[PDB]
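In the block that follows, a single chain appears as structure tokens, in the form deposited without the named molecule.
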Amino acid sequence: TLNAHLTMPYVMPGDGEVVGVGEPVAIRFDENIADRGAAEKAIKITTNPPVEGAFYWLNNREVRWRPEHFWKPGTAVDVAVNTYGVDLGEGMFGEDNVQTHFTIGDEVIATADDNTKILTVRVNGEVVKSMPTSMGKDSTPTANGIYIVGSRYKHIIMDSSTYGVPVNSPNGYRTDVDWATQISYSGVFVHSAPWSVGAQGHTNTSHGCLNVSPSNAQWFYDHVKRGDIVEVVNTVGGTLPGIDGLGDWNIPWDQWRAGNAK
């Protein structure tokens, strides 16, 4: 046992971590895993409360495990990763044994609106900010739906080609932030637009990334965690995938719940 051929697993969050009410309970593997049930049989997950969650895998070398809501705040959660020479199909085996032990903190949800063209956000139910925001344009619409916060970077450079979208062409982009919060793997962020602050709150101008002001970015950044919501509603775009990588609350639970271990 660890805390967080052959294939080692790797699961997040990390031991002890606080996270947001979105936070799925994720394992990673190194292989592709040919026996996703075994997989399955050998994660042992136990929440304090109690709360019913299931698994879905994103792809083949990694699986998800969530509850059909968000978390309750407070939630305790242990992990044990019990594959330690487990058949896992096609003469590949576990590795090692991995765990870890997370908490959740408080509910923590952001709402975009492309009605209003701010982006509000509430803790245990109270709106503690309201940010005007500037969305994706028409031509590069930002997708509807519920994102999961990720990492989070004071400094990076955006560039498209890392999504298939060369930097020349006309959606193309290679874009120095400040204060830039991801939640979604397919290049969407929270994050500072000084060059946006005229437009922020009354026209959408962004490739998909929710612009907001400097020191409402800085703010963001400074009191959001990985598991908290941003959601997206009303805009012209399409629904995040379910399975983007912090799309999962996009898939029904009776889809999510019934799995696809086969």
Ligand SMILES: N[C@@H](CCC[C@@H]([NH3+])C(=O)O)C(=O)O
Given for the second form:
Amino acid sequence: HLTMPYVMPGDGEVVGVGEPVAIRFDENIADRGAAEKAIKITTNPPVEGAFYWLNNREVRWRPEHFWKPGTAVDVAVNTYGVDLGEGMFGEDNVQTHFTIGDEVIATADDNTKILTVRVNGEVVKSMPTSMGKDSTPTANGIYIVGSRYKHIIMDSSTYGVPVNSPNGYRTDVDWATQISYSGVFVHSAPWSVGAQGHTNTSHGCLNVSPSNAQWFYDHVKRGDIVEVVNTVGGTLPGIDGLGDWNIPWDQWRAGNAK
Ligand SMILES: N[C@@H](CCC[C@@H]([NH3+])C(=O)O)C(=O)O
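Could you switch over to the form deposited with the named molecule bound, since the one displayed so far is the form deposited without the named molecule?
Now the full complex is given, and it begins with the chain already shown.
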């Protein structure tokens, strides 16, 4: 009958300007209002934010706009002695302190097929890219940078698409930076270097050159932003896991505690 909370980012991490506070619980939360009341967030410099639930075990908190660089954030999840709904009580209290780094926003514009990385507003890299072809397009919107892998296999069956089917794949890639839980990454794609900057050929990922992918891996960090614009796709879902910023502020602020 006890629930354990887990908070991210990790204690002492430096994260980008898009990183939300995330609190996950190992059990479904019956009284979201009680959970929100138990979570205290302090920021310096102080900024307004609000809670929004991504599913039955995970709540997020962010400001209306991306964090200012240098912001220090303290999170206190005080669920000991708190009835989180239906007599499920917090197993413990949990705290985290984190800081915001430089503002790094990389914009991939399907009109030019270039992914341009800006650091505190200045262009530092312009990479030709090949995004999702028209039958398997990359969604537009704001994506938060998640984990980074020097090598991994992306397998479409993770996402309910059989590897044997027309949009299926089981693909080894180097220098892969995850930007959605729906399976978009920026990664090395030596097989699409001809097409990069000209033609979209992927199932949704942002293919770039091996040197550009390794540069991205080396220089972009969790919470940095990639914004995709002008593709033939829809918009990344606000509840993706890394698509929080696609939910308009008025809806986020209003919340869904019920
Ligand atoms: N394999 C393609 C893109 C990955 C597919 C992914 N975005 C998805 O959500 O289906 C490529 O990298 O060339």
